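Trainee: One letter stands for each residue in the lines below.
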Amino acid sequence: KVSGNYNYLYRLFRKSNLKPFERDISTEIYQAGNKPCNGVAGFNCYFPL
Amino acid sequence: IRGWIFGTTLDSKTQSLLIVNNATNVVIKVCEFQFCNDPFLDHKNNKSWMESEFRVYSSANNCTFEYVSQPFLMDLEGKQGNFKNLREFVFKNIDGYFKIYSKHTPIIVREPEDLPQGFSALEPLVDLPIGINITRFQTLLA
Numbered sequence: 444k445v446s447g448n449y450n451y452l453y454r455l456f457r458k459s460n461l462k463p464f465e466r467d468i469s470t471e472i473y474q475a476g477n478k479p480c481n482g483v484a485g486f487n488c489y490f491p492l
Numbered sequence: 101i102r103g104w105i106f107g108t109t110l111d112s113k114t115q116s117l118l119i120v121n122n123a124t125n126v127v128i129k130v131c132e133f134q135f136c137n138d139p140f141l142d146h147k148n149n150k151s152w153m154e155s156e157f158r159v160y161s162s163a164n165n166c167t168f169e170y171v172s173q174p175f176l177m178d179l180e181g182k183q184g185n186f187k188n189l190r191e192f193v194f195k196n197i198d199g200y201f202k203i204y205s206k207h208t209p210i211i212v213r214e215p216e217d218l219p220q221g222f223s224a225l226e227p228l229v230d231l232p233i234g235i236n237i238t239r240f241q242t243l244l245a
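Line by line, the protein sequences give chains A and C.
According to the authors' numbering, the first sequence is numbered sequentially starting from 444.
Residues 101 to 142, 146 to 245 in the authors' numbering are what the second sequence lists, from first letter to last.
With the rest of the complex left out, here is chain A:
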């Protein structure tokens, strides 16, 4: 749509190569940094999808 359809999503961050033929609903913080990042965003704190 010219106004844009915002009902589609896609993952970006995952430290494990998933096996064939399965789903994954987990939306958890990607701890590529070395801090206990719960946070909201920022340095070493990024949204997964």
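Check before you lean on any hint, since a few could be wrong.
Unchecked claim - To list a few chain C residues with every Cβ distance to chain A over 12 Å, as calculated: (1) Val-126; (2) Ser-172; (3) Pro-174; (4) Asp-217; (5) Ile-233; (6) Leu-244.
Unchecked claim - DSBU-like, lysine-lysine: derived pairs with alpha carbons at most 30 Å apart: (7) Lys-458(A) to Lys-129(C); (8) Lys-113(C) to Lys-195(C); (9) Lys-462(A) to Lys-113(C); (10) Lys-187(C) to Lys-206(C); (11) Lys-478(A) to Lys-129(C); (12) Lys-147(C) to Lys-462(A); (13) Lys-187(C) to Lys-147(C); (14) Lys-444(A) to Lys-458(A); (15) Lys-458(A) to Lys-195(C); (16) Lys-187(C) to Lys-458(A); (17) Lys-458(A) to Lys-113(C); (18) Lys-195(C) to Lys-462(A); (19) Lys-187(C) to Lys-462(A).
Calculated from the structure, these hints are not laboratory results.
Don't be surprised by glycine CBs; every beta carbon is placed ideally from N, CA and C.
For this one, chain A is given, so just place chain C on it according to the hints.
Mentor: Frame of chain A; chain C shown alone:
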């Protein structure tokens, strides 16, 4: 003994399994179930079995799989002594498909638990498109 669970978090963080049976039905579910630390169907009084406290999960979230079907061989109530039932199951997941094999044998008469030197083939029960990850399991017994 009634069923098993299969999952990776078991605390409503991620989806998991639930295998249950009841007299003349069997229910298989895959859902975001909050498994309480005391899932049971036995402690109801001193020495008798009732079916209360069945819903040991308080998160009836979007269950991604529900299945109702026919159960296996059983007996009514419970009597101690003269045990003869030998039930055998094996469970395995592969390529996102869950597989079960089952077999029962009568007249296991010996009182000491020797598990006699017997042999028997195991036949497939049914495939299931589980499509989820599993890391641990715990038995649900009445």
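Trainee: Taking the hints in turn, state whether each one holds.
Mentor: Okay, the hints, checked on the actual structure:
1. Annotated as non-interface, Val-126(C) keeps its C-beta farther than 12 Å from every C-beta of chain A; the closest such distance is 24 Å.
2. With a least CB separation of 23 Å from chain A, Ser-172(C) remains clear of the 12 Å interface cut-off, as annotated.
3. Residue placement check: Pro-174(C) keeps its beta carbon more than 12 Å from all beta carbons of chain A (closest about 28 Å).
4. Distance check for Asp-217(C) against chain A: the nearest CB is about 40 Å away, which clears 12 Å, and the non-interface claim stands.
5. For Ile-233(C), the condition that its CB be more than 12 Å from all CB atoms of chain A is violated, with the nearest at approximately 8 Å.
6. The Cβ of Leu-244(C) sits about 29 Å from the closest Cβ of chain A, beyond the 12 Å cut-off, so the non-interface label holds.
7. Note on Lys-458(A) and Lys-129(C): the hinted pairing holds, with a Cα-Cα distance of about 29 Å set against a maximum of 30 Å.
8. A threshold of 30 Å between alpha carbons decides the hint, and for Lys-113(C) with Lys-195(C) the separation of about 23 Å falls inside it, so the pair holds.
9. With a C-alpha separation of about 20 Å, the suggested pair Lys-462(A) and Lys-113(C) falls inside the 30 Å cut-off, and the hint holds.
10. The suggested pairing of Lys-187(C) with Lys-206(C) holds, with an alpha-carbon distance near 14 Å, which does not exceed 30 Å.
11. Annotation: proposed proximity of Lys-478(A) to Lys-129(C) is violated, straight-line Cα distance about 37 Å (limit 30 Å).
12. A hinted pair counts as satisfied when its Cα atoms are at most 30 Å apart, and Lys-147(C) with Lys-462(A) does not qualify at roughly 43 Å.
13. For the proposed pair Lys-187(C) and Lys-147(C), the alpha carbon gap of about 26 Å is at most 30 Å, so the pair holds.
14. The hinted pair formed by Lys-444(A) and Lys-458(A) fails the criterion: a straight-line CA distance of about 34 Å is larger than 30 Å.
15. Only pairs whose Cα atoms come within 30 Å are accepted, and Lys-458(A) paired with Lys-195(C) is accepted, the gap being roughly 26 Å.
16. Between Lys-187(C) and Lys-458(A) the CA atoms are separated by roughly 50 Å; this puts the pair beyond 30 Å, and the hint is violated.
17. Taking the CA atoms of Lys-458(A) and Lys-113(C), the gap is near 19 Å; set against the 30 Å cutoff, the hint holds.
18. A distance of roughly 16 Å separates the Cα atoms of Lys-195(C) and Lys-462(A); the hinted pair therefore holds under the 30 Å criterion.
19. Note on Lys-187(C) and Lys-462(A): the hinted pairing is violated, with a Cα-Cα distance of about 42 Å set against a maximum of 30 Å.
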